[PDB]
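Protein chains: 6
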Amino acid sequence: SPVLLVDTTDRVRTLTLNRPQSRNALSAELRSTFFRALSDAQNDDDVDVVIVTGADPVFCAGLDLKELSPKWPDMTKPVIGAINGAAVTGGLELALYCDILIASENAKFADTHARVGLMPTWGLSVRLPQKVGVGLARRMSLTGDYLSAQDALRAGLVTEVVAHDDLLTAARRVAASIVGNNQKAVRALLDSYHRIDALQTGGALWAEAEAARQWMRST
Amino acid sequence: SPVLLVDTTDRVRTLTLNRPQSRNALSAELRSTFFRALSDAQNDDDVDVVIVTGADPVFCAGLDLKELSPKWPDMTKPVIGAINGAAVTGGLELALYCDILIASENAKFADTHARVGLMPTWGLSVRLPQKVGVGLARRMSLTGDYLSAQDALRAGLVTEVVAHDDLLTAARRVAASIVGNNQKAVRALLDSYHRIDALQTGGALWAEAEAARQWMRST
Amino acid sequence: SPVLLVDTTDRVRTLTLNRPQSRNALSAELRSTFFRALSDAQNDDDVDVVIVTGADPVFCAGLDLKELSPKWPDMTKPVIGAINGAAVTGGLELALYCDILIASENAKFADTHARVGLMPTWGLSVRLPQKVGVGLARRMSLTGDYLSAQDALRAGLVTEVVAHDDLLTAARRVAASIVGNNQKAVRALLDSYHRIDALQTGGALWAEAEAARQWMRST
Amino acid sequence: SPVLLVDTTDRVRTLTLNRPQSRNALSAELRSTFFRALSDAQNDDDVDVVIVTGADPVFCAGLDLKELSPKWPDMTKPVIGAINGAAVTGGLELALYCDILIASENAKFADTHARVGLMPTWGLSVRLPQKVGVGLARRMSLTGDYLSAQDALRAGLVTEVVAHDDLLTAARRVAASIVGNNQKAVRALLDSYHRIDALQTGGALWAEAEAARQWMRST
Amino acid sequence: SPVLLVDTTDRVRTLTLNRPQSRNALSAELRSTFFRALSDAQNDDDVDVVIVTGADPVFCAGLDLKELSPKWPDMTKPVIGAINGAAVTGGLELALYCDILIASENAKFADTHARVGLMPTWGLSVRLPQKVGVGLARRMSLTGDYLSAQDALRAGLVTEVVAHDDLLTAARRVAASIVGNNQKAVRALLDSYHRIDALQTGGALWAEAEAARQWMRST
Amino acid sequence: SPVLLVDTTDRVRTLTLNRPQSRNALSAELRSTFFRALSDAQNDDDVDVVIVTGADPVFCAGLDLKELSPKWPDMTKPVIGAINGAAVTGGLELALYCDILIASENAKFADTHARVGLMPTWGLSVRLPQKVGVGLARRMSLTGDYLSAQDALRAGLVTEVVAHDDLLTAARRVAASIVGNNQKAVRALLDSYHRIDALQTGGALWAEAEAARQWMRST
Ligand SMILES: [Zn+2]
Ligand SMILES: [Zn+2]
Ligand SMILES: [Zn+2]
Ligand SMILES: [Zn+2]
Ligand SMILES: [Zn+2]
Ligand SMILES: [Zn+2]
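Chains as they are written, first to last, in the entry's author numbering: chain R, 4 to 71, 81 to 231; chain U, 4 to 71, 81 to 231; chain S, 4 to 71, 81 to 231; chain H, 4 to 71, 81 to 231; chain A, 4 to 71, 81 to 231; chain L, 4 to 71, 81 to 231.
Incorrect hints may have been included.
Identical copies carry no separate label here, and so any pair may be met within one copy or between two of them.
[As the list claims (entries may be wrong)] Taking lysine to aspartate or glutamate pairs in the DMTMM-like style, the calculated list, with each CA pair at most 25 Å apart, reads: (1) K196 with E222; (2) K83 with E32; (3) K196 with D157; (4) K196 with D67; (5) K196 with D86; (6) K196 with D43; (7) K83 with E222; (8) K83 with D209; (9) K83 with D43; (10) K83 with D203.
If you are wondering where the hints come from, they were derived from the structure by calculation, not from laboratory data.
Please construct the entire structure, taking both the sequences and the accompanying hints into account.
The following block contains the structure:
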């Protein structure tokens, strides 16, 4: 089957990471396909909103390390992450790129970069404190322990936690609310939020990149 | 009756938005009167603390669109928003300007800018992510849906949620605690918090203003 | 007895503020000793993680005012604050320096700078809004009221609240999880988080310092 | 005659401010026409480079005060200012918007905002120190005195000073060099320079706007 | 004689550093007196403009090291430095605080911090690259060599170089031009320039302060 | 012969780019060797100061395009660029990394990125406006024309221009002045200048990197 499933219904495009046999690990092929699908959704006049999710039971375990710069494209259409299970390391970075997250009761979040001896290059060290808080981000990154869905909700990492079998139902509800609004305005306002975020995070992203380069050279 | 009610008791000045027949919409007259009242409170040696609230049952529905730059003045005296009902769009921006918010169980918060085809110019796109979190701000702005008082408390937008008939009781308790402190120090510390906030948000506020101008020109 | 107790067990160094007769107030001697102990822990190859706590029942009441620039050193080893009781003013600033906080059910947090007519110089006005939110930080600083452990957890100031007699048990669990990871990577990632934080907070820290100097001169 | 002359030769569009009877003062009509012409040049596939100049003997004396937000559009095509005479106040702000300036021996530059009791809103207080240096910008703004073409060259405000009758010859030489390069790359690189500049100047531009608003309200 | 001479003529207050027997070194007394005189000038309605100069033949050799935080106050009135001779180390920092510099042909500028084993705490490491350029600032600081008046003019550190016996004549000319303008506007515009500068330099000033503290502790 | 010549005399290490047959183009081998030599100089207690120069008659023509992230290491020892001839594109970026530049009368500087259809990734778009001014940087990048040594001196890109046969004589004079100072202080002060620069430029460097990635993907 394809590594990425694509559905478009009611102006909402759902992109489902589809390597469950490998915990939806981001192989070179899946990365290429996923990032291209985001760009294609942005360019497709039939699409107002994107949902990103994973084939059960894991959302995304991270980069395919067996097999082994940022790639997530500039978008003005909203991206909703429907986190169905574990979102780990590069998969947590994928979740952190989304505009809005909704979680299954089964979702959990972890950063194992330190454990596997890697430094983050897709924004974890910038966006995790931004979205879960400074102390909790540090606790996650230094322990490698899982953060539960309920704790993710308490911390602000996700907007909503629902029963597992209601996850895509819930994501479709949020998408439908967006679809009902003025799309020119939705896109203008989201572009602006993105520009403000880029202004506030770029120095940090450079610092993250520099720390990764220094790690690779020393290691 | 006047569009703005003013009371001063125990060194606390309460400013009550008073156009309930129009959901306390910010007409030109109410904007002028309100912003002047803030400045007058700052200049009045009989006042230590301001409470802003609305005539029931709505806090503020936003700019008077039927009738139709930032105006909130530099202040060193604390402003407590006692949110008694819906705070929508420009009214949510008014709430976001306050130093400290307390909510009735009946309070709710929404951003309808996208729905009505307007871009924010009173800081919503900067202060909403700052005070409710990135994902929740994006969810609010893109859906236009209401955020409940309890969810506002969970997210950090408000400090306290109380029964409706205890709202101004609660706001007076917080004000009285402030009044009991060293007012020179209260003002020096709040001025400093404001200066730090201005330093951290100005680039973003410029970006918001630029996005609004680009919207007006394109639209 | 010494003003600072030191234990090293399982590569974790616990530094216990030990002036309970004075609410663990930071005398000149305790400040010197504590800040030196942090540096010594950083330099000691037998130590991976630091826990900071207080002799019961107070964590730290602040600077010793009876007796009466920032001193907390650059560190790449994680510092866990185990807050056992009240953390007030300079003691709240000590808590705010920690990477990760865990609280006893008995912990409480307050800022009395305004009440005692002092401006903060150890980062309270920068780190309190960063870690508890803008409105709650302003409410704390202007009222001087205590924030409970449960409210600190809701707000994101602490990562976990436990029964009092489980506090150091809990802190040791988090420390042990860190100790089990790749220490080169733990330190590289924490150094990076610190560098990103320094980049984002330095302007604010300057503003805080300038406001303190202006207060001292005017007062 | 039209208030703005337009020529397109060798893929270079020259926009000549054409109200010499009024020192090329920026009336409402000329502002509208000029800013629209910039946008039209950006959108016109027949144009690679813009030259802005004035009908002799003045470049631009500023806003038409007799008759009486920023409007200069986002552009990726280079704009060369050929300063033929005095560039004063709003006219100095027009010069400061250009990517590259070349001056006649007759060019001179002045800021009279203070003298006429106005605050700048088109970036003078940000871009003048950026392009002529801090001390010289302050000297200009506080004295209102003219800066000569030679002193403008020494300071870095202009790239080249030529005999008056060679001014547009010189501007065409620079334009032709640009036209000979890879235009996709020229535009990508200039867009990037503009984005970097926007990141570095936005906070300052907000501060300038806030100071102007405070002036208007106080005055 | 007094350590600081004061004259007020034509609404211009000249403050002359007056310890020529000690190369106008900034003793505790002279620092106190000078910084107070700046504040007094700001508060004195008889004064529009300040000139700072030194008793010949040295402007200021720096802190009085024999005898041995920033103190220069917030001002909205312009300060013109008339540099009559050598401006070294702390004296170069005094020059760097001025809004506008004019130099005698005899002026020269040097940074000897490294040579004497001190780190700067009055902004040299921020303002020297800002006002003379990155490479030249680094060359000055690392060599300790003098920068001539002509080279200071070329680099942008000073606005004008005049014969020695014309120095205060020249400074009075610039002051008189300022005095002829709208003083409300002069002050509003200079306050704004100062606020923009503070926004852009505060992070750097914190970094300078932190580097000095780290030097003192290591040394 | 080796691609990089190394000499150490009087505590000064001269690194001479040595592929004159290829205009000192930065092949993979020369990049590796050069960047390693910088790190080795930093680590070598026999070295206080580095001079970088090229085998005549070209300084560095840029990346070896025939053959075809930033690599310049963190250093606290000063690096003096002695620019002996043309410094083009990547070679101009090498020059821009140096702390202090001195030029031969034969030096010239150019940016051909646009001409060859490449975006800069070694800081040209950040450091060129920083060191030569905004307008001149834009003129250089968009024209591809050479900047002369004298114009480089006028603009602030270099500190000194000397006869060609005096170039390394001059560089040794500056190095010797540095060597005569307190080396602990030289390094502490330069580290601080570098940290301040990193704070001020990181956001811009991220933006440059993002623009390059977007170019590679579109192209
Ligand atoms: Zn990663
Ligand atoms: Zn609005
Ligand atoms: Zn304190
Ligand atoms: Zn203007
Ligand atoms: Zn100094
Ligand atoms: Zn390059």
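Quick one: which hint numbers does this structure break? Sort them smallest to largest. none
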